[PDB]
Amino acid sequence: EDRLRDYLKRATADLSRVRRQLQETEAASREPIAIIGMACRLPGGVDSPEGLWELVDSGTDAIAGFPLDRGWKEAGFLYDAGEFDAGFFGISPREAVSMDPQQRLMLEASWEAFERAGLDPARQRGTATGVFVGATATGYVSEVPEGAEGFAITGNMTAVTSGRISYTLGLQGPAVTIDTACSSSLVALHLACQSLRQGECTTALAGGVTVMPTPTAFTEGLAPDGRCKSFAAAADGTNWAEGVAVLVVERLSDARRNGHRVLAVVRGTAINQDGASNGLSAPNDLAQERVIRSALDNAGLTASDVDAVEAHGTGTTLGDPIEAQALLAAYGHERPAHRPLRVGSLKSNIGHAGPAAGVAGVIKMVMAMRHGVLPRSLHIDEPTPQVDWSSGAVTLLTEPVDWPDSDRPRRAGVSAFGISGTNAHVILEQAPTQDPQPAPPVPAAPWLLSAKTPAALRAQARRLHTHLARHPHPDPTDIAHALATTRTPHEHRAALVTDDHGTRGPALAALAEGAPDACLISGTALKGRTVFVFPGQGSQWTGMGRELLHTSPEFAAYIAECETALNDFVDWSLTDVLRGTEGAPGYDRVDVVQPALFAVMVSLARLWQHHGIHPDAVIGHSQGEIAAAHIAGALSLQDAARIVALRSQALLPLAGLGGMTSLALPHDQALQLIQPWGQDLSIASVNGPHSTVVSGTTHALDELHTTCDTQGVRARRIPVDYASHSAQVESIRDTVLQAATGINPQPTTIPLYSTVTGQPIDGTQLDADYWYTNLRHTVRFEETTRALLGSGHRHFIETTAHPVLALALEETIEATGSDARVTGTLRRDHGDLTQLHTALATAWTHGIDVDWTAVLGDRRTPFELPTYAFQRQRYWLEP
Amino acid sequence: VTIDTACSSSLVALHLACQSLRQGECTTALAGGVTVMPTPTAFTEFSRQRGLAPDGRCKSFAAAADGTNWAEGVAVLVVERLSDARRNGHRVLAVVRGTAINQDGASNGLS
Amino acid sequence: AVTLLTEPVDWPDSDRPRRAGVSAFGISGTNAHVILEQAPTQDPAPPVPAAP
Amino acid sequence: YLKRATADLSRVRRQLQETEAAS
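Residue numbers (this note's numbering), protein chains in the order written: chain A, 1 to 879; chain B, 1 to 111; chain C, 1 to 52; chain D, 1 to 23.
Check the hints yourself; a few may be wrong.
Partial selection, computed: residues in chain A whose CB lies under 8 Å from chain B [to be verified]:
1. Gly126
2. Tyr167
3. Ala217
In short, the hints are calculated from the structure, not lab data. C-beta: ideal position from N, C-alpha, C; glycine also.
Only chain A is shown next, with the shape it has when bound in the complex:
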């Protein structure tokens, strides 16, 4: 039978899906963990992973004199350990002074590591992000400011070194500070890897920090010259170093799925104990072999699969031989003698960083893998004779060596041992080849930049300019996506909108110096609700929407819907009118301009919503209230299209008998002037403190313009031959009432602030007589603006083809003294994506939240940007 063939096909598919789920679940406990971001501050001016690379690549010895600015011969120091941007993290100067520099260093480094992971650290709030820190308590506070005693408690708790990161960034995964002495940061990496492999966290920070505020570790085997001569015959002790090093890790399957760039992969990790060693502080070769083999077993690898080790290599006579013996036994056998394990130690460059040493070594090996070179380990006069180097294939990195990647991925071990006896070994593997579909570019893609202060914004522009000059970079759309989706929008904002070449660079240089530029938009961001403004007459222009119909599929879809709704009440095609096709009527007719403006405003409002802008309220002017009521959910598209189409056709009998004029006078003075004409004239609208429109018969208006010519009053005749909002629309009252019959006025989903009543209105009240009243009586736009400002509205977006009420709104905002701001959508002869992006970037600049993925695309090839330009200040308790 045929049923068995159909049954087998669906049954074997279920078996294939089940076996895959079994394989993925079994291997989850040993899944590779992607390293997606890193950050560090280490001796010798190191403040980034590339700075660390440039130090080891150039064989630099960072050991130098003790600090002169701490109230205390050479060692590895962070001379700027007290430099912190307290303002950035919401910390007061009093709280920052009594805060342990280890906590402060872990905050800036963690923010940077998330930025280098291509993650906006602010978008990590509410996520299952864990924080694992290896740290020990130091003598920063044994003298603190008065009242700052509460801050001294949390400010010097080792537990808060991890917890503070989770508090400041709103992370919900566990924050654990661990202390396994000089193996702490590598054990924290192992715990972050276990947490990710158990599904406890989605992402995690793993790192360590060391600060020596007082001279103490130097008093308690030290090298006389202060240099850690790792595995050298002249090895005569270790020396201590200050530092911070953190990583952002994630399950490799999640990094591939989320499109994060993988720097390297933690293939395996293991932790163990020396156990019964010959003394508590003494290392154990058998236990170090056991931890190396556990890391290999966990990685599913053998000794010959690992090319190099970043050894613990402190430079002590006790430790160095023991470690080399364990490396010779665990890694030196069962491998080609001509492919020996290469051994080196970052401690020869900067010193023993204690809790932070292990992850500082992981950062060094990730950079060695990405650069394809194994750098030299300093001060090796000869390989120490306390080791039998002939008993295994293990060689020291006495000079730099190239690292090939043709045959298989580069792999390296990183070790960390402690005085308390707990050991850690991690196995790193090169990031796999990332398979790139090339999406098209978006024209005039805005480049966003922001910072907490104006000085910091200038530094962001300066650093981004230097970054792009020193590095060949991808297309401007990839840089735009990285700036808009991988960086936090702070208070002081700037956007660069241009489709030309040779313009973004000089604009950044102008932004860095504080000067203006044509493509540069600046402003301070705002709390505050948003209002979509829908004017009536005046926003149209011949050719509006035609560029957007060709280049915006979203706008084309909304216009098409508007066309389907208008067809049942109109004898023309909306698409044909907007495009100006052969046979279509133009905007000279009231019955085509009002329904076309309705569709442009509705579609531009839906387009703003598509780009992530959802209005808290909507306001309309005369006809504009039909579009506003539709967006408000009160009127359906078919019902709103009916009212605007039939109401504008009802106006036709009034053609030529009247008009409208704008006066630069307040309402009371305009009403005082209009008196000698009685019902022939009416106050049509009151838009601002010095903007009133008057409407009536074409005879009384010509006489009124003659009167305004005698008195010093600015008066401009509106180009329309209908007297809307005047006693004349009483002649078409029954037809205007018929225009809105058979409508179902529904309740509002977004508040509609009526310009008929000056207050919010229930959508069910937008009945036939309401639409007659809207056309007949004064548009109280200023009063309704004043009500919106009073109810917390600070962003007004005119969803129009050209700004009409922007000056009036700004005039009202100035009268009330509010921080509010106004932006349009398109301008006359500028209805393209360049202008749409300029309006979006301008609105973003004022503090409105734009979904830049809807504008620039969901995914692009990642582009690493510089990290935040911290404006650090000195904070050091003087003892």
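Position chains B, C and D relative to chain A; hints supplied.
This is chains B, C and D only, laid out in the frame that chain A set:
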């Protein structure tokens, strides 16, 4: 591993011991915590923050609650996978069926 | 339905196993909760003379 | 023929359940 997550340290230590056993890293584990106050510092510092009960009693969930108070102690557990306790013939005192750790995140203050 | 133990209460073994949660919160924000369950009830040796 | 495919699925389902329970 020595854990410091302040007043949740030993319970976080138990969570980690449980996960270490679930991942096969350990066959058996010790999980616990210890507190000795050789100096009177915790009393002088937290009473300044008015976090301590004047009479010294932690009146858990009472209307009269007016602060906490410090105690010294040591408390340890020996844990093992339930399947290994049954196989090894060990007497099971109780089972840790579920465990979890997390963060307050963005709370109304660090403390 | 959460009541304080203002007085001791008997904890019956019948029906299902006894279960209890344990909480520990910290000043640094890291929380912990553990769920304990009663030892399973599914858990003839002749003597050895003069057993030391 | 489908008895072997169904037998394999019954084994894999049990192995998936007991592996998840072990975690």
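Evaluation of the provided hints:
Given hint, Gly126/A at the interface with chain B, holds; its Cβ is 7 Å from that chain's nearest Cβ, closer than 8 Å. Evaluation of the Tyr167/A hint against chain B yields a held restraint, the C-beta minimum of about 5 Å falling below 8 Å. Taking 8 Å as the C-beta contact cut-off toward chain B, the hint placing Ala217/A at the interface is violated, the least distance being around 18 Å.
Violated hint for the displayed structure: number 3, the only one.
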